[PDB]
Amino acid sequence: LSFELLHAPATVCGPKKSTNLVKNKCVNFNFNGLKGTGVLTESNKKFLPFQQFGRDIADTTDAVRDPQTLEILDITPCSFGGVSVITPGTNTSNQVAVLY
Amino acid sequence: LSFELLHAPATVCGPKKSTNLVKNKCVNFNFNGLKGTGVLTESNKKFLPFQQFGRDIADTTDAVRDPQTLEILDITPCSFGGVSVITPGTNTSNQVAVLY
Amino acid sequence: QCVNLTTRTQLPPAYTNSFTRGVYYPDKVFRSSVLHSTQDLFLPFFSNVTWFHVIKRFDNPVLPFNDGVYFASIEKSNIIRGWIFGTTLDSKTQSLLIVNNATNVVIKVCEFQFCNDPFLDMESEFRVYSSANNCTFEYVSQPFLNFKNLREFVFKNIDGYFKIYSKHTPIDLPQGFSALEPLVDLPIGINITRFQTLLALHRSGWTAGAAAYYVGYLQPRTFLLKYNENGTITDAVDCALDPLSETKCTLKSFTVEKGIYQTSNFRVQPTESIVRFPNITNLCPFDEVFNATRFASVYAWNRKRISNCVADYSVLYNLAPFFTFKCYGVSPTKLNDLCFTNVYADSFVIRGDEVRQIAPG
Amino acid sequence: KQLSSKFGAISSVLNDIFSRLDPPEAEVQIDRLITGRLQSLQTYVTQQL
Ligand SMILES: *[C@@H]1O[C@H](CO)[C@@H](O)[C@H](O)[C@H]1NC(C)=O
Ligand SMILES: *[C@@H]1O[C@H](CO)[C@@H](O)[C@H](O)[C@H]1NC(C)=O
Ligand SMILES: *[C@@H]1O[C@H](CO)[C@@H](O)[C@H](O)[C@H]1NC(C)=O
Ligand SMILES: *[C@@H]1O[C@H](CO)[C@@H](O)[C@H](O)[C@H]1NC(C)=O
Ligand SMILES: *[C@@H]1O[C@H](CO)[C@@H](O)[C@H](O)[C@H]1NC(C)=O
Ligand SMILES: *[C@@H]1O[C@H](CO)[C@@H](O)[C@H](O)[C@H]1NC(C)=O
Ligand SMILES: *[C@@H]1O[C@H](CO)[C@@H](O)[C@H](O)[C@H]1NC(C)=O
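Protein chains in written order, with the deposited numbering: chain C, 513 to 612; chain R, 513 to 612; chain E, 14 to 68, 77 to 142, 153 to 176, 185 to 210, 215 to 247, 257 to 413; chain Z, 964 to 1012.
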């Protein structure tokens, strides 16, 4: 068996769910054999009919075309960041602060 | 006579422990699988009975207890280090000095 | 011989805290005046644990656990005697049994037949099992033993090793720190998914004294432990409990200086799948190249393009009706999860001498 | 842009390697990708210093 895998719009998937779009939920997914994790929101991009998936500067997927629905379903525009802790010395007190 | 290979934790093994010990010399000892070189020296520290081998800041076996004898031996490396040569120019003379 | 209990009074279990309990030596490494952080099954601080009280209250619960049960109990007059460990607590599977009479402890694992309500009863009555059929293990060690004594026990099962951590101190859980040193390691190498607590009754029908024990859950996390100059554990730090101990674990020091510090990052964990590709109206006819009435030769094979369908790879990977299945450039475990456009199936017959040649290069 | 570098691996996407390769070779490819990214980040850190 020779797989033309992730070089064209794929059609052979065993299990699927075909869940509708949902906002503010940066969670995992799997689009045509490509896995990601992010929210699924709208966009104002006018995609040409032949175009299927877009790519950014970093060659990371940021757009997709869903068959039988023909919608955007943007790829991983979800929030992320780091957490910082601010506290004085242990000899004075032990109170802490949480900063994002 | 029949045996079983790869089916349970193994306890039946042949004698590979070199049948003798070393004091006041750095040798390549093999303490139940781990290989290290150092002088077996008596330690004044107190070791709890469950402890088998200790570790230094370098996460290396600097302390160990004998698998049979309850005595504890410290691992100290023998004489090692860089050596430098102090010499004048070759046009003047050829006398050299050794320094560790 | 087992006797059922009828006088039990119904009462839901209570919950207590785990302020400074559940610490133990992760290994047998001696350290002198250094702070070390390690990954091991450790009980989180300020975690809720189940409290059982025995007085006319009888508490003999059965709960499924994989490994890592922290057993702490305030004890007087040696009410607690034995423990039960196993998978189904019957003769069909091997079960671990701990007993301790007035002379010494006995550690035995066997396919013992366990009744519904096993317990203990001058003590001369021993009614916890009926027969032994498939076992040969035996081990004998020294005996381990108003509230006056506190006993804490930790049982773990990693890589087939049964580690027992015990600590006895004279005295809810008291506010203090006590590192639980390991007691004995048992090389059993079996599975255990159930446990049962055994109690001793006093005859003077039967009377039970005042006793209480705690059951805790062990979780995999990183603890920053301190080893003094004499090797004993003094304090413990949980790297994911509060931001103060997080800063302590990140800086590898028990004291943090005044200022702004960075420890980790905030992320949103996945919860549900929004995979967006409606399924194809037909299935992939994989039997066309497998159950064909005739096959082609190696030099001129038959290529059947299978596309626009839904495949099932359980007959190839999960099930093995064929002699040898192997995948080089794709994962055989996740064959069903992937999505490809088309596959070109080449069917041909090769003698057993040259079947190794079907590989890249 | 260095995230798109293949670094001698089959693909430049991590999940593609995880799902599209058996674990004995998947761990080799993942190790190669992470050590290439570590070398790139070391170069970036040296330039920033
Ligand atoms: C530590 O152990 C040594 C002997 O190994 C002993 O002399 C010393 O008193 C101990 N430290 C303390 C604080 O007791
Ligand atoms: C007590 O345990 C329950 C679960 O058994 C948990 O929901 C609850 O938060 C715990 N109590 C505290 C104070 O953490
Ligand atoms: C305690 O149990 C052991 C287990 O074999 C037994 O040998 C011993 O005789 C028992 N002691 C008493 C006093 O019954
Ligand atoms: C019966 O015992 C033997 C030896 O202890 C063991 O090999 C065998 O698996 C046991 N049978 C069952 C059904 O547990
Ligand atoms: C865990 O116990 C179950 C109970 O039957 C058993 O089937 C399984 O093999 C055990 N796991 C291991 C790794 O032995
Ligand atoms: C595909 O989905 C439909 C429902 O839309 C279902 O009836 C059918 O059994 C599924 N299987 C196929 C044909 O792939
Ligand atoms: C061929 O063999 C497969 C597997 O045993 C079976 O499912 C199928 O019904 C058979 N016949 C055809 C026409 O595929």
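By construction, these hints were calculated from the structure, which means they are not laboratory data.
Please note that the accuracy of each hint is not assured.
Result set (SDA-like, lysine to any residue): computed pairs, CA atoms no more than 25 Å apart in a straight line [unchecked claim]:
(1) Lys528(C) x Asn388(E)
(2) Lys964(Z) x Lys528(C)
(3) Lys206(E) x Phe59(E)
(4) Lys187(E) x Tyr160(E)
(5) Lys535(R) x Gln564(R)
(6) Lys202(E) x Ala262(E)
(7) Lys41(E) x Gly593(R)
(8) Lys529(C) x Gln321(E)
Item to check | Violating hint indices (sorted, rising) | outcome: Per hint list: 2, 4, 6 and 7 violated.
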